[PDB]
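A single protein chain has been omitted from the complex, and every remaining protein chain is retained in its original position.
Lettered A and B in written order, each chain numbered from 1.
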Amino acid sequence: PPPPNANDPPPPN
Amino acid sequence: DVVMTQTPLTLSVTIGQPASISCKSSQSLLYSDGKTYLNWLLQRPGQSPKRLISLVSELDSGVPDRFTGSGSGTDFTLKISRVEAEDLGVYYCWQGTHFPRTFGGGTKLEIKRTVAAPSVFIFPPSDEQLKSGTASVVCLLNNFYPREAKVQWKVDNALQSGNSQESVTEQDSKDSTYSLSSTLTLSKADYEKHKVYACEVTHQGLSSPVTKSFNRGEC
Partner (left out) sequence: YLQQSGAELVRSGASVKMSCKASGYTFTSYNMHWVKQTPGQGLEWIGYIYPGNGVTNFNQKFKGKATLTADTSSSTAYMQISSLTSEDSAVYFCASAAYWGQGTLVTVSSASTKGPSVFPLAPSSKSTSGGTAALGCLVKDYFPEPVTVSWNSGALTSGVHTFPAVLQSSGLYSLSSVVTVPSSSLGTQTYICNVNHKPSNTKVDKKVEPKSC
């Protein structure tokens, strides 16, 4: 199993 | 905010039936990286949610291929090719493209199955509780369908009102039945005024009502 997809994009910084 | 409108509110389905759930967003869920952040969750009765699908159509690990997700832009669908007993619970969509993150209102999937009569049990109050000044008598109806059941208390053949409380379980994820308890509570002084304690159960799976009873002090 590959890593799960994100639910939503991470923020930048 | 971006509103997620989920229909239907309830799905009542038989084992093996296809099912479809719609989620419509009030704005496009296409993000600037080209991905559409639409997730589907299932919260079975009593449990935390579990994610089933992300990025509209991508199944999570261990989710059976009876589930598919489709859609784009604002219209999304979760389909189940053939419903299984363990699929019950509340489905939610939620979007991860806009702030605030928002969820649909949920679709409750319930399983229709054949009628099943309850098994009926009764419990006299314990000596430990009686010593403390209270008598709780419990009537238990186990693993029945449909959920509607009539439970009456009779004390020395007199129908009781006003001193019992019921509780029903969630529908079972393996056999799609329900269980119910009815608890009659009396002070010890009132309990000791009467001999025969009975609970009488009427249910569609019973050809005539079932009574379980005991005599105070026989147990």
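Criterion: a contact is a pair of C-beta atoms (placed from the backbone, for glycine too) under 8 Å apart; a residue touches a chain by one contact, two chains touch by 3 or more.
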For the chain not shown, which residue from B:142, B:160 or B:173 touches it across the whole complex? B:142
What chain B residues would touch the chain not displayed? 41, 43, 47-51, 54, 60-61, 90, 92, 94, 99-103, 105-106, 119-126, 128-129, 132, 136, 138, 140, 142, 165-169, 179, 181, 183, 212-214, 218-219
Against the hidden chain, chain A presents residues 3-8, 10-11, 13
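The working rule: only the chains that are shown with their structure count from here on.
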Just how far, in Å, is the C-alpha centre of chain B from the one of chain A? 33
Given the complex, residues on chain B that touch chain A span 31, 33, 35, 37, 39, 51, 54-55, 58, 60-61, 94, 96-97, 101
Residue set of chain A touching chain B in the complex reads 1, 4-9
